[PDB]
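All chains, full assembly: derive it from the sequences and hints.
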Amino acid sequence: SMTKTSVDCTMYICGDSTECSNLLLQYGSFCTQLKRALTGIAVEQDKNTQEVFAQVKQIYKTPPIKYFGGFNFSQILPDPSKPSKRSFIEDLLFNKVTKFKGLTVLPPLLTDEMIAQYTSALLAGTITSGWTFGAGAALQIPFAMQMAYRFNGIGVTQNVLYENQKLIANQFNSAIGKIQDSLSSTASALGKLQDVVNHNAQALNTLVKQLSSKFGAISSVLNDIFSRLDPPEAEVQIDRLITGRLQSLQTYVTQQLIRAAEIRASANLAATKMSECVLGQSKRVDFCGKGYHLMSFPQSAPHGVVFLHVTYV
Amino acid sequence: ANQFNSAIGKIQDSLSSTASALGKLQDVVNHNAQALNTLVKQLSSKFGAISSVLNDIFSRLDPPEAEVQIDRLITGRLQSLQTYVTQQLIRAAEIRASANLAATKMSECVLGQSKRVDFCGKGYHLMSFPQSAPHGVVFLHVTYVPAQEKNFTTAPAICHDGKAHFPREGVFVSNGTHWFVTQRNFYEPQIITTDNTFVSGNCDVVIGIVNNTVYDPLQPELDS
Amino acid sequence: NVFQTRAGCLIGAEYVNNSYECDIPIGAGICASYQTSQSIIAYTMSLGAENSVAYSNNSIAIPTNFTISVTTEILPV
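Top line first, the protein sequences correspond to chains W, H and G. If you count by the deposited numbering, then the first sequence holds residues 730 to 827, 854 to 1068, one letter each, in order. Each residue of the second sequence is one higher than the one before, counting from 924 in the deposited numbering. If you count by the deposited numbering, then the third sequence holds residues 641 to 676, 689 to 729, one letter each, in order.
The hints are simulated quantities; they were obtained by calculation from the structure and are not laboratory data. Ideal Cβ placement from N, Cα and C applies to all residues, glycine included. Please note that the accuracy of each hint is not assured.
Taking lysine to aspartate or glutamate pairs in the DMTMM-like style, the calculated list, with each CA pair at most 25 Å apart, reads [claimed, not checked]: (1) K814(W) to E702(G); (2) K964(H) to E748(W); (3) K964(H) to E990(W); (4) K947(H) to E725(G); (5) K854(W) to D745(W); (6) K947(H) to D867(W); (7) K1038(H) to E725(G); (8) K964(H) to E780(W); (9) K964(H) to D994(W); (10) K811(W) to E868(W); (11) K947(W) to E1092(H); (12) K947(H) to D663(G); (13) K1045(W) to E990(W); (14) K969(H) to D994(W); (15) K969(H) to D775(W); (16) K786(W) to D1041(H); (17) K1073(H) to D663(G); (18) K786(W) to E661(G); (19) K1038(W) to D1041(H); (20) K790(W) to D1041(H); (21) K776(W) to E702(G); (22) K969(H) to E990(W); (23) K1086(H) to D1127(H); (24) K1038(W) to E1092(H); (25) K947(H) to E748(W); (26) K786(W) to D663(G); (27) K969(H) to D985(H); (28) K921(W) to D1127(H); (29) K790(W) to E1072(H); (30) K1038(H) to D1041(W); (31) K795(W) to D663(G); (32) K969(H) to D808(W); (33) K969(H) to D1041(W); (34) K969(H) to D985(W).
So the derived list for chain W, only partly shown, Cβ under 8 Å to chain G, looks like this [as the list claims (entries may be wrong)]: (35) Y789; (36) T866; (37) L894; (38) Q895; (39) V952; (40) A956.
Below, the structure written as structure tokens:
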């Protein structure tokens, strides 16, 4: 998802004078449909959170007695002692992503606390209920019987899992500890989500700096035209300032529709990989991650989602 | 045949009553209904000129006075077309992105069996039925959904002679007395045989192994 | 008659403690619905029903029944 914005036609185009508001009746429906085009972006930004983050309508919870396969799953599970429900990885994910002129910021519908309760519900269905949580009602499969049938899709029998089970816990717990140390040291892995902040920040800093430009007029102040020049000569110089600010408004609505189409294909790629890799097992190469697929762990992220793939190399 | 023939008639009763299931195709028409009514309402706007009628400019004014006011009215009608045609390129890109999604489901779901989850419909995929629609297509997804649940007693392996018996295809369940071999999708209890089990390793290295007797069909066939 | 949200001030709605599937969204978790002597109520959204599955080492669940259902998806062409 992206940052939902709204542009007022009255405060941005006009300098709060009575002459500028009377001349917009001749211009009419120019900024009416541009507010409707930014409204239709903001409907589709809430539809991207419904398809990706919540696959199912049923919430699963973690049992209070935790022994899962001789493994440490406590880094992806949320902390009950904190009032905010967040895991150990998502504490590192939230912290690495970093005056009113008539431009406002619309708040999102689905809050980030409710994204993590979609995250902890689908991690509870993966561990306890197997692969059957998204394809129907949740069964009870023990964890030693889950990975024996997840090896059978890639061609590995049950001889590898049961004998070597103490050697998997040295490999799996050390590999997930290198993910926690890499995201805490460097913020460059989250920089695809940092550009979603940065492309929206450069679009808002484009639009507020077009007010100081002259746009062919002598003065950029609407009060300096009306209090000095003649009223036949005022209607030339004010209407150059109205038309030049609408061309910057036509530039701003069109570039947000291109970024809405680029964030639609990334969210449809994200809702595919929630439906394929998280809710099931795929035989694909370089879709669910490099090599053979075992399981996928979703995590909560600002303006996006962070996938944790478990691969067989 | 009782479950499938009632399931097609629930689709026909839903489409005869609820009209909002086809409303994704109605948003194709209503975005084009506002687009063709966009350029009609732009002709009444004065665009900074005194009158928007081109017969009320050139015949009411001097020819040096007309060509300032006519060229404001043409450029305002050029910018109304530059909002229209740029909007038609963006909104048809969402149609052609959904047309490649519709042609994938005609290829993968309809023509053959697909193993994908929440692509060909929710649950295990059987087959798909395409139906024609105005400005679109209507898919009918026949899926396999299990219903009732029953809890059983399991174990990863069965120890008999000192070698661990691993299951080949299936799971190990128990009703509390005898151990049975069933499948993940359904309950069909079977007699434990050597053809349904696989022999590897010993009984010491398997966590949770239980003791039962693996039935050999060759042992009654020795004296017979 | 008035309630403070994170999106702003909302006047003309009544805050209730019930949480279910709403209709008209507002934002920041607050969602509005019109139900029954009738008024418009605003509350915090529901994530669905609560289900806590059991876990032990020795218990498996095998389904004994199946139901074939037909779902409908509509893609524009």
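Task: Structure-inconsistent hints, enumerated in ascending order - done: Numbers 6, 8, 11, 13, 15, 17, 25, 31, 32, 33, 39 and 40 - these are the hints that the structure violates, sorted from lowest upward.
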